[PDB]
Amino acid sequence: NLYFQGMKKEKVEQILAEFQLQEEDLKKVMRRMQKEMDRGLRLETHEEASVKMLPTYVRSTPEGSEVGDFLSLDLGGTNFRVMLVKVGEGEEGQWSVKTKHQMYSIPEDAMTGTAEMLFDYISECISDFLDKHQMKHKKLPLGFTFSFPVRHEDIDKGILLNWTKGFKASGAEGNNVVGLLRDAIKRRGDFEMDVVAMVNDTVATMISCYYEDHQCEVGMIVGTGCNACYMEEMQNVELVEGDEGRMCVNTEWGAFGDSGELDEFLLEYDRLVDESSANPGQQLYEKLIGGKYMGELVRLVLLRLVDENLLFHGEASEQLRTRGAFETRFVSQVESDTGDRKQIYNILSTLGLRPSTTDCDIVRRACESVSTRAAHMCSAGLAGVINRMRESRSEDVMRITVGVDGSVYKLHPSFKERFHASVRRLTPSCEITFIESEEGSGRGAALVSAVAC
């Protein structure tokens, strides 16, 4: 019965309508975000603020710079990346180019063991890399892209406030991250490095986009996690001395909602994802968006649909009932389907399911709902930052460039398009250019290191 397939699809639509956010909902989220951002910048409310607005000590005038060979480290995902990057004088300023690169999978027992284990592993990887390229012992300036909330005292010194994205290594929170890295390198003792700069991935991304676009003063990550940085007026950065020029601020907007600010928008699936995560009650805005959580959100929606007898004859496979089994890349692949249902079919088949045609269509709709809410929620955050910037500055029309990295933004067929449209609706009187970084974290880390060096 085509009539009863259609009836199944109308029921699915009623359940899926819960993910809708209206323009006014997004404006409410945006205003709330802006409020928390104000609170994060002020000495009086900083400690209470869920959105920390952390000074990076990356400034508008980095005085000068330096050229030569730079090593970049990137820790923040399931993979740890080492690369050699060359920084050199161009016609606009410094260019940077990725030349030798290697990536290492972090063992499970290193991300959730002790900080000694984690940083020992990192030091081992740095040795392996320097071996493969004979650039060993030698001393090189090292830039560390370290994609977790850090309270900086300077560019080369900052403490880990808390792990995010499933990181749980004991003995790291409250300690100087550069210190933890130097200590581990010294314990191995088979090379020496000049640790010159530590930066957030958002910041690395913004920096890497400058040489090509000097209007880039926002960096955004929509990958495993979700965060943004931007160039704030020094007069508004109350935690740092001085009123002149600008400093990059790491919003850590992922923790937005951790004081209840998103409560009316959270769905059962969100509560379930939060509760089975490594950091329950934390990073709640990020959990609506980030790749670490998106596929899992879809899996939970599909389980609700099977339990309602609307999908897969009401039976869920072992794989479908396995945590993390619906990968976030499957969300993108499903929404890449050209209409013949082939891509969707093959995903669900490899998950042990026997999908029908309408099963495939419902799974598409489930993915679209989760990823569209992610796009819309993210848009409210970026719009809040950009509207903030426009007001802080002297601008009837603000023209700004946003530098972006992360697999969700880059590889999802329609996230990007839905995101841009929503951001534009919320930012009248702004002309926003989006740029995707190419090796943003590696080249960014090198460029900041060149300045600090």
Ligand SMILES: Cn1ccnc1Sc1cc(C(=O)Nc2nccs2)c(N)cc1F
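Rigid core (definition): largest C-alpha set, two forms, superposition within 1.5 Å. Residue numbers count along the first chain shown, from 1. What changes on going to the form solved in complex with the ligand:
- Candidate set 63, 391, 417, 47; criterion, C-alpha shift of 2 Å or more between the two forms after rigid-core fit; matching residue, 63.
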Second form
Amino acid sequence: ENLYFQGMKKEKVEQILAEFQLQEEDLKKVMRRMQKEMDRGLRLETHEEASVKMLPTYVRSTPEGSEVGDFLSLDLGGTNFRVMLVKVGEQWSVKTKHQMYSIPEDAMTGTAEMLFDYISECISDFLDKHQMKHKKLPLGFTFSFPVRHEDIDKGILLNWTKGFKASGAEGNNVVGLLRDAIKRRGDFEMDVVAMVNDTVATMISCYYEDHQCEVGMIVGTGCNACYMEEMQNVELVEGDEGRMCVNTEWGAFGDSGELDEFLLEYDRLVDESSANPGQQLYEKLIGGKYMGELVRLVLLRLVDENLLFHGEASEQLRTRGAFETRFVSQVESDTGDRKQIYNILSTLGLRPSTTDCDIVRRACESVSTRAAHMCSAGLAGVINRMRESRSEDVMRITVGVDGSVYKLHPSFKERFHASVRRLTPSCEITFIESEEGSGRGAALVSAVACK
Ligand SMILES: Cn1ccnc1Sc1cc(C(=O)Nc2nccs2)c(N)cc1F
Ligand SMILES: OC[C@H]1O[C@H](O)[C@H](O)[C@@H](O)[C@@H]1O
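Next up, can you give the form solved in complex with the ligand of this protein, since the form solved without the ligand came first?
What follows is the entire complex, opening with the chain shown before.
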């Protein structure tokens, strides 16, 4: 106890955690570099070298004329595969039935055949629970990975992200993989009419409640954004009229060195232990796949410096992935009595003091604040770019957001919004959380696409 020595340990911790700070000027630098890469990704000349791919989605404004009725929506992009029946009407969208399926490890890191076979199995199971596999529903596929589109319903997987590794997928038409798997099962038929990124689905789902929503952002397992770009700026697609949603794939920012001065030892460790070393470096500063692991490595450093847990780390603390991102949220939700923090740490086989709990909270805050601030630089770059491309002095825009980090973290949202606003003078940015965004957004796109 000896409060003096507790205080001294906390001072040393603060000196270590100071490394996570980003000054406003740092964020502006990141924002500018992001904007520079966004410009590069949109240009024919530089697209292939661009770290931020700015992928055209073939989701066009505004548009005109939607089909109505029942749509099946799929969502692949986390550990769970989701199937949803959505009714589209008048255009509104309502989730009518839904099921989530845990993807077996063997299917996420096995072959694309196994993965898409499992997907097809789940679709079959869902269509049977609700008596509908003979009805032919138009199908919208939210597929939350970088895809080079040829059209709304055709595009090649560029590379897996977020730990996905299924062989025989990269370079192939993802809709083709899905269609092939459905055919290889042969107990239901579906017209796959659209494939969209989760950012895009999120953005679209927010549109009907707020027509000013022209940005979608995900801060979940991964982190990405899309936005409505002027067709004249989308050099990768023919035509200069109207707007098309662009999937930034900003998670890959830094993959060509753009973040190097900001990457810490912890970031290097996360990256090197990941399924995609050297890739998705910006996302690895922010996404929930990585945030808890960053905290875990910070704690291990503090343990190594004899600042935490008597310098002894439990088996669990030394287990990859054991500090779940949800624990970061839960730690930062602690009311001050250290109870939630104590429970997490005790469950991790630790015997934490009050000071240990306080230090863990600081580590969590340091990592999640950096995530919020880094993320803000990306969103600010996008919004500032849109303002510039457009013809009003104050841009009022809405950003639709989904993802467990943004939605569930007690403080990320607040820090993120504040930082975005500091970075976006002359913008008025409304943030809306999507409600069943993937499923409803995919259906809404499908309801236009299936014409
Ligand atoms: C976000 N915003 C604002 C104005 N236009 C847009 S984008 C948008 C696009 C679609 C849409 O389905 N567009 C398609 N383009 C090609 C096939 S479907 C939609 N169904 C709803 C939308 F809001
Ligand atoms: O799920 C959020 C994001 O995760 C990753 O960054 C994927 O590459 C991207 O496509 C997706 O939007």
